[PDB]
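Here are the chains, one letter per residue:
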Amino acid sequence: XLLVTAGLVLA
Amino acid sequence: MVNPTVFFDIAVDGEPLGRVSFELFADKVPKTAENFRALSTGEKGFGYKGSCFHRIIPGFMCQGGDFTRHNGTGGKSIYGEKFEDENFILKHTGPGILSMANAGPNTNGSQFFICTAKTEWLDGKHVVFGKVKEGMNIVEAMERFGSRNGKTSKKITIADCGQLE
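Residue numbers (PDB author numbering), protein chains in the order written: chain B, 1 to 11; chain A, 1 to 165.
This is chain B alone, in the form it adopts within the complex:
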């Protein structure tokens, strides 16, 4: 999808 994470970028 459209997330803004640090490490495991998700859908």
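Hints should not be assumed to be uniformly reliable.
Unchecked claim - As a list, the in silico SDA-like pairs of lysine to any residue whose alpha-carbon atoms are at most 20 Å apart: (1) A/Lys82 with B/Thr5; (2) A/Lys31 with A/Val2; (3) A/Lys133 with A/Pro4; (4) A/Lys82 with B/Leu8; (5) A/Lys49 with A/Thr73; (6) A/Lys118 with A/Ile57; (7) A/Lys151 with B/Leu3; (8) A/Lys91 with B/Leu2; (9) A/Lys76 with A/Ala38; (10) A/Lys151 with B/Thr5; (11) A/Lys118 with B/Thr5; (12) A/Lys125 with B/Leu8; (13) A/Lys155 with A/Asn71; (14) A/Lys151 with B/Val9; (15) A/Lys133 with A/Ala26; (16) A/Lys91 with B/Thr5; (17) A/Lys151 with B/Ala11; (18) A/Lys155 with A/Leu17; (19) A/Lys118 with B/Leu3; (20) A/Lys125 with B/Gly7; (21) A/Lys76 with B/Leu8; (22) A/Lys28 with A/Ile89; (23) A/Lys49 with A/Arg69; (24) A/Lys151 with A/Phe60; (25) A/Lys125 with B/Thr5.
As the list claims (entries may be wrong) - To spell it out: a stretch of chain A is covered by chain B in this simulated footprint if at least three of its residues, at any positions, have a beta carbon under 8 Å from a beta carbon of chain B; those stretches are: (26) 108 to 115; (27) 119 to 130.
Stated by the list, open to error - Far from chain B, some chain A residues (derived; all Cβ distances over 12 Å): (28) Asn3; (29) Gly18; (30) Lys28; (31) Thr41; (32) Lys44; (33) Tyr79; (34) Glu84; (35) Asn87; (36) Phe88; (37) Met136.
In short, the hints are calculated from the structure, not lab data. Beta carbons are placed, not taken as given, at the ideal position from N, Cα and C, and that holds for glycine.
With chain B held as given, fit chain A onto it using these hints.
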């Protein structure tokens, strides 16, 4: 007092592009604003100068701030490795919003993103703490080097940064 203003001089493959200035909402999120301000001046001995925007997705956002690993897995705050979500008073209302990247509740470090569109699905999960004051055209230019999967076609770096006011 007045909200502090910080600037980033952006470069593409070593070629200067331009300057983007941001207003930090210290009056609403003082601890988060201070972290970003101090990382921009490099006053604690480390910071944003010389780091890159490692993930840019056109129409969504530009992500950067990983000054240790340079790939999304690193960076740290001025309060230690991570700090709490200060508050969620402000929302991701449109282009120019400055917000914190995280790995879940209370995991703020140094990584942040600049929105290029309204991203309401992030409201209540990511702490909004500033906005682009001038140079939105440089941010738009930055998007041109991004892709659907986030990889950039050129190296986008923060050549210089500091506090204006």
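Does A/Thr73 lie within 20 Å of A/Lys49 when you go C-alpha to C-alpha? holds, 18 Å
Grab the minimum beta-carbon distance between A/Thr41 and chain B and tell me whether it stays above 12 Å. holds, 23 Å
Given the proposed pairing of A/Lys118 with A/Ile57, does the C-alpha separation stay at or below 20 Å? Holds - the C-alpha atoms of A/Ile57 and A/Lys118 are around 14 Å apart, at most 20 Å.
Take the C-alpha atoms of A/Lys118 and B/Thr5, compute the straight-line distance between them, and say whether it is at most 20 Å. holds, 18 Å
CA of A/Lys82 to CA of B/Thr5, is that 20 Å or under? holds, 14 Å
How does the coverage statement for the stretch 119 to 130 of chain A fare against chain B, requiring three or more residues with Cβ below 8 Å from a Cβ of that chain? Per the Cβ count (4), the hint holds.
Is the Cα-Cα distance between A/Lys125 and B/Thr5 20 Å or less? Holds. A/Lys125 to B/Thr5 sits at ~11 Å (cutoff 20 Å).
Keeping to a limit of 20 Å between CA atoms, is the pair of A/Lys76 and B/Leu8 held or broken? holds, 17 Å
Taking only the CA atoms, is the gap from A/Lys125 to B/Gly7 under or equal to 20 Å? Holds: A/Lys125 and B/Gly7 sit about 16 Å apart, inside 20 Å.
Given the proposed pairing of A/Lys151 with B/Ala11, does the C-alpha separation stay at or below 20 Å? Distance ~15 Å between A/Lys151 and B/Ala11 Cα, so the pair holds.
Could you grab the alpha-carbon distance between A/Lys151 and A/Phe60 and see if it respects the 20 Å cut-off? Between A/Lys151 and A/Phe60 the Cα gap is close to 13 Å, so the pair holds against 20 Å.
Can you confirm whether the C-alpha distance between A/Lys133 and A/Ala26 stays at or below 20 Å? Roughly 15 Å separates the two Cα atoms, so the pair holds.
When each numbered hint is compared with the structure, no violation occurs for any of them.
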